[PDB]
Every structure is written in C-alpha cells, then in structure tokens.
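Presented below, as structure tokens, is a lone chain in the form solved without this ligand.
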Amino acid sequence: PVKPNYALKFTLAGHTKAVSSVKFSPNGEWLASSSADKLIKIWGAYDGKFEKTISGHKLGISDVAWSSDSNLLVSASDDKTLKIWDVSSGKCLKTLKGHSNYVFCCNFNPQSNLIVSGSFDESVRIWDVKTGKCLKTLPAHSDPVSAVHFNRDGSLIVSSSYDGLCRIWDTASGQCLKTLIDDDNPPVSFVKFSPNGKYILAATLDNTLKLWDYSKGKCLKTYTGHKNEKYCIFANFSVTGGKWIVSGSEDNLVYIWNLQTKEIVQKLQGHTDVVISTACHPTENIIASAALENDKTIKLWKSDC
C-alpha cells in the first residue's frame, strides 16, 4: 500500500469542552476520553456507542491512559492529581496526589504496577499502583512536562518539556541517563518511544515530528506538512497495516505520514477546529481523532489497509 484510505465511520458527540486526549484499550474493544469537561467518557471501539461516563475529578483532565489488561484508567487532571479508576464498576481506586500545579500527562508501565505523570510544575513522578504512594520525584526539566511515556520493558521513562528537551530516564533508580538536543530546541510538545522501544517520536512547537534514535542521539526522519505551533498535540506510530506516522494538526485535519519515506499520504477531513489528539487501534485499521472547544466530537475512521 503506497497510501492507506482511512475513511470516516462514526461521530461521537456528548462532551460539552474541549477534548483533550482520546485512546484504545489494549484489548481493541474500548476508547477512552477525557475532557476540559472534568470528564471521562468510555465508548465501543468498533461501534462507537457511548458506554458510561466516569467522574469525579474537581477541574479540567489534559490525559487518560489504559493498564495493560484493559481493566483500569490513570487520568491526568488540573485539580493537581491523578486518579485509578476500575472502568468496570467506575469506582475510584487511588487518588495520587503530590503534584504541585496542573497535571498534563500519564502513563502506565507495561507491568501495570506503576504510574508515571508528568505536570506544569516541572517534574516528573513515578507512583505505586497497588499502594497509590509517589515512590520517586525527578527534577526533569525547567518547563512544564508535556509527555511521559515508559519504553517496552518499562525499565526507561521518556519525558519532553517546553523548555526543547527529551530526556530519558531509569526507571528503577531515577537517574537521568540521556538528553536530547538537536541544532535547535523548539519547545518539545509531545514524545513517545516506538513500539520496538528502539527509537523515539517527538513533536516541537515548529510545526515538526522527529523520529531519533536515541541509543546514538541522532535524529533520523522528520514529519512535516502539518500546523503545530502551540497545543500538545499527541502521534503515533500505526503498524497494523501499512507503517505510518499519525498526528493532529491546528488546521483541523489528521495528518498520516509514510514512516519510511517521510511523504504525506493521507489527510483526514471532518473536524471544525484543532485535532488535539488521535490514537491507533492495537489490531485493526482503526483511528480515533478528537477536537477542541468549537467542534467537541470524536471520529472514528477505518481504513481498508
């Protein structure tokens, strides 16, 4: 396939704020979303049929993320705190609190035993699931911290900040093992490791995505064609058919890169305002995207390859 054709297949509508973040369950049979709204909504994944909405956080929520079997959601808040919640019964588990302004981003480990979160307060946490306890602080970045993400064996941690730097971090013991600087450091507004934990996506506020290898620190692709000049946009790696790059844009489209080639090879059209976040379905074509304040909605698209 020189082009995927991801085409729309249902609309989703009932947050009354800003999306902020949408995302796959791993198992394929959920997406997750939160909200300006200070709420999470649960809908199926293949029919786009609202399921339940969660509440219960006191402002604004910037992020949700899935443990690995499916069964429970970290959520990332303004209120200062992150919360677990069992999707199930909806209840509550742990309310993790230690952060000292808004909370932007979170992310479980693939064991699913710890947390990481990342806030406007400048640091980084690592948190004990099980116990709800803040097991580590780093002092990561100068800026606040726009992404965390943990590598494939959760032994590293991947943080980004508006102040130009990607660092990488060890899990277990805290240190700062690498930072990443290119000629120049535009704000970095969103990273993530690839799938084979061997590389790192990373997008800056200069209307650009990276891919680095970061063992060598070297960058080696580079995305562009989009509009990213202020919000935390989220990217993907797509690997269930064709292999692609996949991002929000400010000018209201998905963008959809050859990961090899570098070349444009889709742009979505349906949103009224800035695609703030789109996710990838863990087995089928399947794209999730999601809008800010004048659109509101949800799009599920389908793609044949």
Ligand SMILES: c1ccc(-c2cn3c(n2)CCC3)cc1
Contents of the next structure:
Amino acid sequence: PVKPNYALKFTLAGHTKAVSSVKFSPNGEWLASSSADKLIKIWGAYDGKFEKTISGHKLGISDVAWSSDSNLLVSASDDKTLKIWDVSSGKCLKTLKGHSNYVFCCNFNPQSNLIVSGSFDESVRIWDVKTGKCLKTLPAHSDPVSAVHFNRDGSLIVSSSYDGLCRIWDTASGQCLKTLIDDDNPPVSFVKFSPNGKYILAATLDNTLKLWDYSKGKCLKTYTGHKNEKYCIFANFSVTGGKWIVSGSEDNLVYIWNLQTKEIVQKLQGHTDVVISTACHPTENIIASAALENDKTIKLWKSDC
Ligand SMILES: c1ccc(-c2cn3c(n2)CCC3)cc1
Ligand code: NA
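Okay, that is the form solved without this ligand; can I get the form solved in complex with this ligand now?
Next comes the full complex, and the chain you just saw is listed first.
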C-alpha cells in the first residue's frame, strides 16, 4: 500500500558498547551484529533469540557482511585488518592484512570468492577469499572511504568517501569507470547499488539521501526530513513489501520513505541514541535497526505490508 505499518517485535540486548552494523543472512535465518566492543553476535532473525558470539579482533569492529551461501562472515576492524569467519564453528579462517589504518566497510561479491574493503587510509582493496591475499589496491579517494559495494553480478564496485565522491570501479581491471558529482560535494557517508543494479543510493552529511542513475550520471530522487550531519548511516532498499527507502537518523528514529513520491511514510520510535544501522530482511517485511553508545540495543520491527 501507501504506508507500511512496522511495529516493534523484539529488542536484542548484549553488546556492551556502540553497535556499528547489522546484516541479515541471505537465507533469512540469522541476523549478524558487529560492535565497538570488538565482538560479532549472531541472532535469530524471526525470534530475536541470541545464538552466539564470535571474537578475535583486537579493536572495535565497524562492519560485517555475509557470504551468499550464508556460511561465512567478513568483518572490518579498527585494528587495520579484516577477518573471514566460519559462522558454524566460530573459527577465523583468514586475517586480511594490508590496510594501513582503520578498515571501515566490507562486502562479499555475489559469487563470494572476492571481498571488497574500504579504509581510513583512503584506499579500496579487493581480496581473494580462499587465499586471504589482496588482489588489488585502488587509489580510490582523497579522504576516508565510507562505503563499498558490489553490484548484482559482481562486475562493478561502488565506493564513497568524505571527499564528496562516489566512484564506480571495474572489479576485474581495477579501473575507475565513473566519478559522480552533483551541484555540490558534501561528504558522502554511504553508498550502495539498487537490487537491479541500475541505480546507486548515496547518503550525504547534509541530511540528504539521493538515488542516482549512474550510467547516465543523473540524480533522480532526493529524500530528506531526517538528521544526518555526523555519522555514516547505512541505508537500504526495502523490496519485500512496498518499495521503500530505509535509513537510520541522528534523531534516534528509523525513517521509511516512499521511493517514488519521496514522502516519509513511517518513522520508527524506540531507540535512545543515533540509529547508525538498518537492514531489510531478504523475504519478509522485517527491519533490523541498531544504535550507538547510549542505547546499545538492536531492534526488530515487523510490518504487514
Ligand atoms: C560507528 C561505527 C560504524 C559506522 C559505519 C560503518 N559503515 C558505515 N558506518 C557505512 C558503511 C560502513 C559508523 C559509526
Ligand atoms: Na549516512
């Protein structure tokens, strides 16, 4: 319909510091969370029930991502490394070493033989999952990298940075295929492809989300009304029910927008600190949200449409 009706079903407590990142497993069974407390935690996606803790990093974790078969995780940490984890055993399979500063963002490609990472050292790196060795280092940006993401077939990587740029990279060659600039260049705090791979969603620290057609290099939609001036907040395409845009906010709310009309259709209340991360369940109308230091909780919300 024209409004979803997301309601709080579960609150997940257990991280002892700010939560940084939540992600649903591709098979829809699990939620993974990462924290400034150096831990990864696994939860049931439908019941919110705590499953296990995965540890190893020497400093806080900024991001976590699932392999396509839901069996592996990769995490990105202030200790300048990434780790690949076997979720079932908790074993750390590889430690990816190479970045010279905080690793801030990470993702598998759809085939999940590659990982891409972004760092405070202003580079983007492409790693081989099986050997744990860095395949490419891209001179991507002139300020920290805030997000990295593979498109639907893994041929392209999008990156964003505080330098105000979104860039598109050819995975196989490492060549910069495109630089997106608008009328102005505020810091870009987040970026990711649309599910079909034709568009790019980009967040800027001027309280604004933009939908880009990247092939034509034009900005199509603009989403506002939330607060985002300081933090790198995840955003999502909601595609299981109504077609929405979902994002956290520095006023402690989860914002949901009609993707077409750009109107705010729902604002979720409940967190007590900045909502830094949101995720959308692959098959059900479920949203996971997570908050910073004064809150430390993850919330699971359910809608009928
Ligand atoms: C604290 C911790 C993590 C974060 C964060 C991590 N990533 C993003 N934001 C966007 C992409 C990855 C922001 C603040
Ligand atoms: Na953001």
